[PDB]
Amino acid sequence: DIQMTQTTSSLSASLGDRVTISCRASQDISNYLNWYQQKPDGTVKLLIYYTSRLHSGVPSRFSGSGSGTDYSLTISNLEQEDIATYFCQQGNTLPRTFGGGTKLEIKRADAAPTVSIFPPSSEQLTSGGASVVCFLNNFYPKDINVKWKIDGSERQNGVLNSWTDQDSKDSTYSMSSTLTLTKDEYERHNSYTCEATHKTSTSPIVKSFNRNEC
């Protein structure tokens, strides 16, 4: 079918900026393009339809244009309530398709994450399970890579990660990473590491502990 591509999964802007979200069709859509705005609360709303351009009952600061294969949404002056995810969608061919979507966030100054690691809790161990936890809090931008090392190497199984959305008071992000193993595997090793690499610095931020120093 016709693939709709939105180069840029996340876009940064300041309130008052002229934001432009793009979207490219795999083939000529003959102006049959729509824009939808989804809020974090999950609700979706129509803003523009038909090769962009046409309104609905949405603020005039929302404008749309494009032709053939390339189209774009423009929010001439971005407002707080405008912070959301925008998806394009072609209505020229069947099956109708959407672009991956572009989520806006607020521009903030770089802030390195504060990192904390935590051994398994006595309570949990007695249940025969073991989860090591690591928070990386209040960092910006949102891109970050966390690495876990056991006794000095690898480890990717069990590691389940979680990310918060941009904060409302400050514009930072936070992430949690958890490595889960059995009481036994856990007790067969010593050093547990959490390394966070953020553009905030070349060298990773490392936190760890050794079971023997406990």
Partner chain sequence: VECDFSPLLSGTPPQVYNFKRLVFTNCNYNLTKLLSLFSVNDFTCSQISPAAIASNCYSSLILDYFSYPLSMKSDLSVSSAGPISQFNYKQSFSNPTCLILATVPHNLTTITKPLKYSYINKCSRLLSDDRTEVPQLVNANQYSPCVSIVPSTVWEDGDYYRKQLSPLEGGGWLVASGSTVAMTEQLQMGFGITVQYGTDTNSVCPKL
The other form holds:
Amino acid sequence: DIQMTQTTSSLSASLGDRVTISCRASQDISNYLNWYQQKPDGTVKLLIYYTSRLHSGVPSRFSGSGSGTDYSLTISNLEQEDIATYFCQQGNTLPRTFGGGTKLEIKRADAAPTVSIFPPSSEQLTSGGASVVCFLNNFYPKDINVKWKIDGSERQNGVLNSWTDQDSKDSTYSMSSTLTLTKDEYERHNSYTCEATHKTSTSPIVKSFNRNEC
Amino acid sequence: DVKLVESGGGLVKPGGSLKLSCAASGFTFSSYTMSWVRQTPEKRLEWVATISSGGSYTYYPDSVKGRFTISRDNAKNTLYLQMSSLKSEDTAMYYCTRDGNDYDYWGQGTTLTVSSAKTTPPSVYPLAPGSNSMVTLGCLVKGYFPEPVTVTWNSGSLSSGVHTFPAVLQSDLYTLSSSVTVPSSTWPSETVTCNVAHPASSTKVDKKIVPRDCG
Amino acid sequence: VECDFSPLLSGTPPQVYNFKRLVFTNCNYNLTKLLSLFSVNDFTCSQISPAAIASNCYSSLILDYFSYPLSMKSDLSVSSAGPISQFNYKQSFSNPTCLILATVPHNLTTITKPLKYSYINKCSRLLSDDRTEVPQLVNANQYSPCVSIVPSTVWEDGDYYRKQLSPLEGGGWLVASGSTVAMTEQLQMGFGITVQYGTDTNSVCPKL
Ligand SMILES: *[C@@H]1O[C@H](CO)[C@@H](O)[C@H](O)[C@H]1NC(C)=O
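Can I have the other form now, the form solved in complex with its partner chain, not the form deposited without its partner chain?
Then the entire complex follows, led off by the chain already shown.
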């Protein structure tokens, strides 16, 4: 089998930048190399076929290059919609094989997270479950830290987090943080605090609520 | 325009079988060689099978051969992928692709989960803010299986300030939340509702976001 | 098998802005073998240790090498503004990386020396309205866009190089200035290592 290696798994650049993605093959595939774009919604489309030829419908800013075992994809004049993951693929010998992929992050201005906190709904409490949810929405860069506090003390266990892919439109990232405990234990406390630590500020964004004060 | 539509994906027990279908339009189907490419949950793309235009034969990687059967009905413009002796290393999004010297057109894909775990309906809990020109609501879709679910707001109408968080899998059950931000003016002035569809359990529940009746 | 480092040993090494990149998968390596052929002056890593990077398994290993005077050791830190980190060379800040400053000894004879040391002191885009100069900071694991207009070796310190860009690229100019440092008695080099972890493989491992 021919192995397909992409030098990097991730890359980031500014709008208008010229971006290059590199691809190495384990043996001579005679320019039989294709490039694919997968957007955040999961849709895949062909960009370049046979090293350098532009697929119908793909704008001129995309281009390809290379020979032998070393090949490249280039995006000049970076545009918002170019947020996607890019794959190479060799067509010399069976089995057809893909590179592991390169994700393209498009830089933007620093942005502080929007922080929302939600109490358990009445529906969930009825069935004995107690999930406390905190949203950290639309911030940049993607790195962020969440800390939970229950009546003043830090809770690490029982937390489930979830991150969005880079937003195709505003180029931001968002995060969800849920602390699940039992109904019996949730009722044994009053204040639940959600702290978001982001490089945009030295002080964490704090959002809390009271169970009885409702 | 060339169009590829996959169907037939689902939750399957290990060792079991499942036939996928792909409806092709916008080109002479009998003229092109067709292939299946799957994307694992690890986002790894793997060639699965290809079949000739005719197709006087078919080609598989060893990792799938003897169990998978790619086939073609040129009269009815469909491609098939008969799977058998299914493994957990078969669970992936499966894409119908048009082929030749490259996969120049891709379908949206259909998902396959190969698990011994049981189908479970989702519980949908409203996330209204406790008691700004924008306001953020949410829904908590707890304890469903398998993937995927669909979440929309006001039947698609609200799409601007929407992002649905990826599901988190824990103890054979998925949980995700969706966040929607609407101006403070239409809430609660105008009805905002989350729509959760779960085709695997044929469960679809609507949850109106009602302000926290906090007395 | 056997991660080949031979391309490093022969010929004249490039300058910092057009660093040579070797990429290794599916092979066995010996880091301590290569570095012994050199006179190592500095060996600093981030998110990993010098002892570990010589003895771990990876899915991929990236080895960059170039000519670089030991005197500008300071300008390899991401800590500094520096023309080098800003316009010439910036490693991945997410994966483990090492930075090695060595001198080729008298007994390493198969490497040739460049006439001098060259680096980019300035890379910018002069916009359509010929007012706004926009500096072009090099992205991680990327070459500067000015590699296309700066010669493999800078002709003379303080040289400006310009090329007009197309409307597709957004018009205007690509503008770069180059700096030279006098060649030293023995060639002073720099090595950038980057390692990656992935699904598979057990591809890059030290040979035994
Ligand atoms: C090269 O010289 C260094 C020190 O100058 C010495 O440690 C090494 O053994 C020598 N190797 C060869 C092959 O001459």
